[PDB]
Each structure stands twice: as structure tokens, then as C-alpha cells.
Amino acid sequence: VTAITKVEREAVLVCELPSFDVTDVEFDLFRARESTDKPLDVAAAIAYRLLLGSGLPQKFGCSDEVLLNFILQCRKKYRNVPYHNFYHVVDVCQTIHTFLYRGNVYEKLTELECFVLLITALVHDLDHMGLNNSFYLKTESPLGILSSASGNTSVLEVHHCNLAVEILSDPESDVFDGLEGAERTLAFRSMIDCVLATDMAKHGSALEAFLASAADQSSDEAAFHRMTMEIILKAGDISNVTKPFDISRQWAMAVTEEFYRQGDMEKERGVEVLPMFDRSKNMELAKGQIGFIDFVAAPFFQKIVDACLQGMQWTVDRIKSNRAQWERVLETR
């Protein structure tokens, strides 16, 4: 586990560019990436600022140096793919921060759980290659074969967890080293439960388990806390459609290109290419977004907001706002 050098840390500590408020729901990561010729350092600085600003690391014995080392260890494990790169996870971290503190979801969780969520956002897609679980299973790729044999279909999610554990094995980057007993165990278990919950194949059950844990008041508080954590990481993971249109549009372009590259690799392997990943069809970007909004995002955010997270109402408003604009994109032309 190649430890981080003081040089690597300095490159980050120098940033902290003005004109940006990382806690705002209107924060523009794309604008931030284009404000310097070292976007990876700015991205790292944003994550660093969000965590220290929450005041959480300090409270759990995690020094500023260990925090920065952890962030840099995570950064090194992300590939140069169109969407599932370091920027996506920094965005998820920033977004979760807004849900917790602008949406007041922090009231439903302990400080430790909020800390774990912000940390988990940074490890939730470690070493993603730009290919989804279905690709590994459809092509019988070695990792897919292992997943089938071992009994867990969440190919990537288990892989991300393995790497998160690897990073935390280094005392110099173990943001949970200041914890002991039940707290340290909860940090690891909750982190892992949340990453595993990002497999969209569990979307339905996760949402249902949350709504059930939220509805029934005779519900187990511990269960509600864990489910709220899982739902918040999930919400952050599919939050692209809840951002100002220009930002949402850029994220959509990025995910679409990555999907198209998977489709191209599938054509090379001679396997089935779903329309969503078929670059040939030259589909309208707007059509894919409206579809995701109608069948996935809109129902998800409306349900969790009405069931418990009232403070996140703006996500529902923005989704509807963006859907209308996507319609105009197709219309006006």
C-alpha cells in the first residue's frame, strides 16, 4: 500500500479556490474542474473541505493528515473513465453533504453515521472500469465468474468494498482508527452495507425496506438508521437529475458516453447490446434522461421525501423542472 507523499498532500493544500461554496446545492463541480489545470487536486480539495467543514473528522480522532491521505488513496484507485471517475464520487460526497445539512437529514442520524456517509461516498465506486455488473456476467468475465461461484451478483460493489478495506488497512489513511469497540465495528459494517446497497438490482427492495422502516413507528430505530444511511448514499448516487439543468446536462453527457463505450466493447465481445448502450442508434440525450426520471428518479425522490425526508423537497422540484426542460430540448429544434 504505497503511502502518500508530503508532495502529494501539498498539491492539494494549495488549492481551496475562492468563489466556491462547497456546501451549496447549486455548487458546480464542472465549473470547479475548469477553474484550474489541475482538476484532480481541486476535486481532492473540495472533498477535504467538505469533511473538515462538517467538523466530524476532528470529533472521531481523525487528524487532518490522515483524512487527506485517505482522500488521496481513494483518488488513486479511480480510472480515467467518462463517468465513474474521481469526480463522480466527490460529487456524491458533496451531494450527500447537502442532503444531510441543507436537507436536515443529519437530524435522523448520529454524528458518526454522518461521518461514515461522507467517507463512504469516496470509496463507493473504487476501481470502476466503466462497465456495469451485467457486462461481467454476460461476457463471463473472470470477475463475473467469481461472483457467480461465490454467490453474490453485486460484482462491482463487492469489489469496491474490498478496495475500501484495503485502503483502511493502512494506519496512515484509516479515518476510523480513532474509533474503538462497537463504534469502529459500526463504521465498517455501515460503510460496507451502504456500498452494497448501491447495486441498482436492489433498488426496489432497498426503497421498500426504507419506507417500511420509516412508516411503521413501532420500527427498530437501529434498522431505520441503517436504512436511512443506505437510502442517502443511493440518493446521492442517482442525484444527477436533481441539479441545476446545465450541471445535470453535463453529467448526462458523461454517463451516456461511458454507456456507449460499454456497448462498443459488447459488440467486440459479440454479446447483447441494450438500446441504452447502443451508440449506433444515435439517440437523443433528452430521451434517456426523461426516461430515467419517469421510471426511476421521480418516484424514488418523491417517495423518500413524502415518507420522511421533507427537507429534501427541492430534489423533487428540480427533477420536475429538469424534465420540463428536457422536453423543450426535443421540442425547440
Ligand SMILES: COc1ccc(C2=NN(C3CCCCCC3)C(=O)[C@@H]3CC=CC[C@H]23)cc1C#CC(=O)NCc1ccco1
Second form
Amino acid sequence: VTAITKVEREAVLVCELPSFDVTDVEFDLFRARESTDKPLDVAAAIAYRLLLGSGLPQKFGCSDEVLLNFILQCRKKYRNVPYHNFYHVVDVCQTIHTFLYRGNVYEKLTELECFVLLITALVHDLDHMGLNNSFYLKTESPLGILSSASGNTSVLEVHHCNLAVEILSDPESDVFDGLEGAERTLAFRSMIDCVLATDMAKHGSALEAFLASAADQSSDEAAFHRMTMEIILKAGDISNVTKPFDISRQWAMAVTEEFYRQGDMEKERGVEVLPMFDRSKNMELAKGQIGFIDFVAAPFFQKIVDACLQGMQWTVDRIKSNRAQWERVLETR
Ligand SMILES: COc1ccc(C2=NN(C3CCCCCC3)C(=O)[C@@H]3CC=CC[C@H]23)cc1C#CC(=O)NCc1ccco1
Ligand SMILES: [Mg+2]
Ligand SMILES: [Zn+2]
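Having seen the form deposited without the named molecule, I'd like the form deposited with the named molecule bound now, please.
Now the full complex is given, and it begins with the chain already shown.
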């Protein structure tokens, strides 16, 4: 609940980032982290410089100090877990920026929707513990019991939304305080809709709803704009396979460690451990990444690009080149 201090803000403001272009599709967050012994300050500086460079906070009445306060209140609520940590949400922010401004998806949205998407990236996984929704339901954990008694099986995504609303309830960290009326209501409602759409159990229904709205935009522009926002946050969230191979591999190694730590905790509790969570099977990262590409990511990116996001064609080309690299790992074993 405590306010951000002047010392906390100066430690971010001093980071310079000399050799990096944070707007580039080949920006390497792993190298930016290695280039300093304060990587949490460098990650915060990347988010701050990307948002201020856009001119969007200035246009919407958000001061430089309220923006930095917001970034540092978000950083405080991420945990030291292998993948779902502050570096993941800064990476999703940076990646969404490239989709809007190098993929030209900004042409399909308002400037306010673009500002909301960059802000929502930073709140999307607040307080993640490296355990998925199925863990909380299968173990009858207290949060699983509350979800069940509530109605909603999106255990984590409702939790992330609750903490986003807490941060924004203080005017000193409220990046939407300069909005009023319909604009303020749209910022909150679109932020919450996008976070709830990141639950991978809704993946099929979110993709079908986007493709239907993209085929008939003028008959419901409100629905088309809302579904494009959901599909861009989702695209950012599964974007690791769209990156240069070595960046892609480092993310895959980090998600794999989280899956295995969940499996180990499921064994202690004597509950069912699905094979990809079982540290005892012969790991095999190339087989897992090819399966993720073939069943989830390749059909997602190819369909959204063919339906209307033509500027994002590089994502499809990189997924193909990364799949071919994983194939060669297997062919040379
Ligand atoms: C960098 O690679 C990755 C990035 C991300 C996710 C996420 N998975 N899933 C679900 C859980 C697995 C199956 C259902 C669909 C995907 C999540 O719900 C996570 C939370 C939010 C978004 C995506 C996350 C998984 C991988 C992988 C991998 C891998 O090597 N083998 C696993 C695999 C999956 C399919 C074939 O093989
Ligand atoms: Mg999530
Ligand atoms: Zn995420």
C-alpha cells in the first residue's frame, strides 16, 4: 500500500540503454538484463521510455511522475518465479508496441485503445505464483474453492484484475486519472475484458469471435474494436515463438522450469501430473515447442494475419523459421 519514494524513481531515471532500440522487432530483453547488475531498474526504464516516447500518456493527462509510480507499483507485485515475473510483462508491453506501430495495427484502433493495451500489458499477470488455474482447482486450494463458489474458473485472471484496480484506486499511480466520463469507463472495462481473455481455456472462443467480427466490421464496430484489443493482448502473451531463435529458446527454457516446479508440487499433494509437467520424462524441449507451434501458435497467427492484420506477416515467417530450427535439433540427435 506504501507510496513510491524519490530514491526508487531516480534509480530508474538514471538507466540510459545506450545500444538498444526498444521499438525494434529484434529488441533483446535478455541482453538488456545482462548489461547491468540492476536488471529490475533497466526493465522499469524500458517500460517508462516506451510509454513516454509514444506521446500517449501526455495526450491523456498522465504526468511523467504518475506513469513511473504506476510502473513501480506493478513491479512490486511480481514474484521471483522463472517465467511469469516482471520481465514477461515488460516483454508483452514492448511486443504489443511492435504489433501496433511496426505491424500498423494502430490503424484499426483509437489512440486511447493503444494507450490501454500498453498499460494492460503491465498488469496482465500481477502476483502470479508460477502455478496455473488447473493446480488451484485440482488441489481444492482456498482460491480454487472461492472460484468454484463464485462461478468463474479463471482463478488467476480475476486475481490479476483485482490487483490492477487496487493500483489505479490511488490518484498518485492512476494513469487513467486524466480521463472522465465514457473515456474513463472504456479504459477500465477494456482493460478488464483483455486480462480475462488471456485464460487459455477461452482461446478457441476468443479467436472465433475475432474472426467473425473481422469479416463484418461495420455491422458492430464496438465489438470489432474490443475483440481486436483482446486478440492483440493474447498475441503478445504467446509471442515468444515470433522472436529471433535464441530469444525464443530462453523463454521456452523458463516456461519449462515453471511447468516442472508445478509438477513436483502436484506430486507432494498426490494429485495427477500431466506428462509435460513431469520432470521425470526425458524433458525434450524441441518436441514441446513444435507441438505448441503446430496446435496453438501457427494457426492463431496465420488466421489473424489472413483475416485483417496483414502488417504482422513477419510473425508467421519467424514461427516457420523457428519450427525448422527445432526440427533440425531432432534430426541431428
Ligand atoms: C514458450 O513456450 C510456451 C509459451 C507459453 C505457454 C503457455 N501454455 N499454456 C497452455 C498450456 C498447455 C496446453 C494448452 C494451451 C497452452 C498456458 O495456459 C500459459 C498461460 C498463458 C498463455 C500461454 C501459456 C506454453 C509454452 C510451451 C511449451 C512447451 O515446450 N511444451 C508445452 C506444450 C503445449 C502444447 C504443446 O506443448
Ligand atoms: Mg496470465
Ligand atoms: Zn502472461
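Only residues modelled in both forms are compared. Residue numbers count along the first chain shown, from 1. Only the largest set of C-alpha atoms that superpose within 1.5 Å between the two forms is called the rigid core.
Query raised in the report: Considering only 162, 152, 169, 219, which residue exhibits a C-alpha shift of no less than 2 Å between these two forms, with the rigid core used for superposition?
Result: By this measure, the answer is 219.
Report task. Look at the Cα of residue 14 between these two forms with the rigid core superposed and state its shift in Å. Result -> With the rigid core fitted, the alpha carbon of residue 14 is displaced 0.4 Å between these two forms.
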